[PDB]
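Engineer: Each chain, letter by letter, is given below.
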Amino acid sequence: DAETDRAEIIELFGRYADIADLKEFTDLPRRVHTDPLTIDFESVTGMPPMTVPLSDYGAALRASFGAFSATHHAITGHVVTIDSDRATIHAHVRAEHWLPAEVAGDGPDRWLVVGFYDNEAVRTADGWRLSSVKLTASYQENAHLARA
Amino acid sequence: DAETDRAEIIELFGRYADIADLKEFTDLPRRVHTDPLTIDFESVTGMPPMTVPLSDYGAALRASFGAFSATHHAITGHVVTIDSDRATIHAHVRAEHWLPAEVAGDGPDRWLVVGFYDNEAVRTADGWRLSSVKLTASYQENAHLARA
Amino acid sequence: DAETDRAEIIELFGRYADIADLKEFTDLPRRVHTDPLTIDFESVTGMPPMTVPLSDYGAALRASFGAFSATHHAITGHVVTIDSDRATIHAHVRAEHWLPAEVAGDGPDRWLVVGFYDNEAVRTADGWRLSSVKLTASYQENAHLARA
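Chains as they are written, first to last, in the UniProt record's numbering: chain R, 2 to 149; chain B, 2 to 149; chain V, 2 to 149.
Because the hints were derived from the structure by calculation, they are not lab data. Careful, some of the hints might be misleading.
[As the list claims (entries may be wrong)] Only some residues are given here: those of chain R computed to face chain B with a beta carbon under 10 Å:
#, residue
1, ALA8
2, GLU25
3, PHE26
4, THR27
5, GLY78
6, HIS79
7, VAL81
8, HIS91
9, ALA92
10, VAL94
11, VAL115
12, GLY116
13, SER133
14, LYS135
15, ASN143
16, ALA144
Heads up, the beta-carbon is just placed ideally off N, CA and C, and yes, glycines get one too.
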C-alpha cells in the first residue's frame, strides 16, 4: 500500500547514496533511476537542468567522483508526497568529498555541500525510481576543490 | 494506521529541520508545531524549559538564526512510541551553524551541536505536530560562536 | 506486518547509536542485540570477525568508548531486506569520536569513520535484534587517535 511505497521511496535514497559512496556507477544507477533522468545541480555547478541518458549520467559520475578518495552522503529528513505512480521527495543532504593528498597538498582536503534534494520518483514496472534529481546548496566549504 | 502515524511523525522531523535550514519561520512552524509549544534547550543555553506562544518561538528563531549564514540539521535514529493521539520521539541530531566571515574573522566559523531530541507529538485535527522539543547536547564545538 | 517489521528494524539502528552515544552499555545492548553477537570491525581494527557473548561485547565497548569525551553516530540510508524472522540491512554511517583535551593536546581531537553497516537482524520473542554487525570504512580521519 501507500506505506510500502513510502518506505521503498525512502530506501531509494539509501541506494542513491550508495551509487556515489561505493563508486558503483554501472548496475546501481539502473536500480535507482529512470532512463532518461532529469538532473539539476545548477545551485552547485551553474550548469542548467538537463534530461540525459542514464548511461551518460553514470559515465559523468564515474569521471567526476574519480577525483575523490572517498565521499559520504548523509541524506535525512525525507518529506514524501505520493500520488499513485508519482512522488515528490524533499530531503536534507550533507555530502562530504575528500581529495587525495597528491591533490590537496598541505591545504584543505574536504569539499562539503549541505542543502536539499527536491526530487521526483516514478513507479516503474521494476519498482520506484528517481526520475528527477535537484540539489539546492545552502552552504559549501572548500568548493574550489571541486575545481582543483 | 499505526505505521502511517509513525511515518508522519518521522517526517515531522524533516519539516522541523527545514524550519531552521530554509529559514522559514512563519508558515512552516504552524505545520510542524502546536501553539503553544514547550521548549527546553537548557543543555545548550542554560535557559530553563518554557511553554511559549508559537509566534514568539518563531520570532525568536528568526532573530537567533539570523546570526548564521547557513545551518544544517541532520536528524537521524528516530525511536517513536505512539499511544493513540500522543507520541514520544527520541532522536539523534547533528546541528551545524556557520557564522559569516564578517563575524568569524580569521577564527573558527562553525558551531557544532551533537546530541539528542526527546520530544513529544500530538495528533491534531490537521495532523501530527511536535508539542514539546527538548535538546540534550552530548558535545559542542565552538560554542563561544553562539555568543559571538 | 512487513512494514511494521521494517520500521522496527530501522528503529533498532537508532537504539544502536544510542548505546555508544549515551554510553549505556548494560541495559540497551540487550534490547538491541542478540546474545551471542557476531561482530566484524576488521575494516577499521584489523581484528577478524568473531562471535562473542553479549556481556563481553558490552564490556569491550565500555572500555573503548571510555577513551572519548563524546561520540556521535549518524546512521542513514537503510536498505532493509526481510525474510520472515531474518533481515539484512545495509546502511550509511558517519561516526565521530572526540578525545579529551588531556589526550589530544594541541593536535586533532576528532576521529572520524565514514562507511557502511552490513548487518543482520533476527526476530526474537522480544522483538527484532541485531545479530551481526559489520562495519566497512570508506574513509577515516585521524585514525591514529583511536590508538592514542
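Engineer: Run every hint past the structure and note whether it holds.
Structural biologist: Structure-based check of each hint:
1. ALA8: It holds, given that the least Cβ distance between R:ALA8 and chain B is near 8 Å, below 10 Å.
2. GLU25: violated, 23 Å
3. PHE26: violated, 25 Å
4. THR27: Because about 29 Å separates R:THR27 from the closest Cβ in chain B, which is outside the 10 Å limit, the hint is violated.
5. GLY78: With Cβ-Cβ at 3 Å, under 10 Å, it holds.
6. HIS79: holds, 6 Å
7. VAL81: holds, 7 Å
8. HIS91: holds, 7 Å
9. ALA92: holds, 7 Å
10. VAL94: Hint on R:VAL94: holds, closest Cβ of chain B at ~9 Å, below 10 Å.
11. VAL115: This interface hint holds because 4 Å falls under the 10 Å limit.
12. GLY116: OK, holds: R:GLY116 within 10 Å of chain B, min 8 Å.
13. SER133: violated, 19 Å
14. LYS135: violated, 14 Å
15. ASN143: Violated, about 13 Å.
16. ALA144: violated, 13 Å
When the structure is compared with the earlier hints, violations turn up for hints 2, 3, 4, 13, 14, 15, 16 and for no others.
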